[PDB]
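Below, in structure tokens: the form deposited in one PDB entry, a single chain.
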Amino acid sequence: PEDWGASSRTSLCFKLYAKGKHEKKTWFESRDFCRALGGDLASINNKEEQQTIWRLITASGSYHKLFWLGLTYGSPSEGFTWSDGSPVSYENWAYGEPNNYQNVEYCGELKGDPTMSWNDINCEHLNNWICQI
């Protein structure tokens, strides 16, 4: 769908998900859902993509929700990775994150407010999610 608010043209498309609580998915379920449509969980690779997603969040009127992104812990040599294979270069971790709290947080979620900050959280948490194609 045409992004009238974009400041530059791209054919890449982000889509926000989950209107109701029962729809919410684990990180793995969200990854699989987006791949079943031919894409993947969203990666956020620069500030422009972050702003594009923030436009989608405000346009959807679904505020202050948490969304799975494609962030997942890779290894000590890599740190975090994106499920779509992009290197984690741009980062927007919240203060004190990622913190692998209690040794069980290996997936990344977006706080859908103007900060657009990321936090690592347990992959089995039920969240909204963002796909990209």
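Superpose the two forms; the largest set of C-alphas matching within 1.5 Å is the rigid core. Numbering follows the first chain given and starts at 1. Compared with the form deposited in another entry:
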Given for the second form:
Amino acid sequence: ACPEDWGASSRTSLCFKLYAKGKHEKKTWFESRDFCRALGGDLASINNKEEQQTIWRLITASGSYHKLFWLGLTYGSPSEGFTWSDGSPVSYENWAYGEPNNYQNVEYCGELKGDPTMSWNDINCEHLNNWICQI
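Instead of the form deposited in one PDB entry shown above, give the structure for the form deposited in another entry, please.
Lone chain follows.
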């Protein structure tokens, strides 16, 4: 069962929470990771299409589309490439077309574009974004 406002009460329920913020309250990737971890969770990992649908439905309910959200995607060592901050393997992927492209060699964190495609993009970790936590 999820905490109230994070999901449903069944044993199979996945718990995610959107943090959509105005520009003065958006956070860098590291700030967002630390925020979710302080609650006992982490930035959201998306391990399968079911979790993707769960998050998309939260976005539809929020009424705001096209927003960019930090996910738990962070580059590891050169041999690893992208990892999830929660330690789970990056197996399921939904990178946008041509991504990750490490544009200008400075893109080491992953964001979700909150439109129906639910696609991922690598971007500069110091950008200020909305974020999604999991617990």
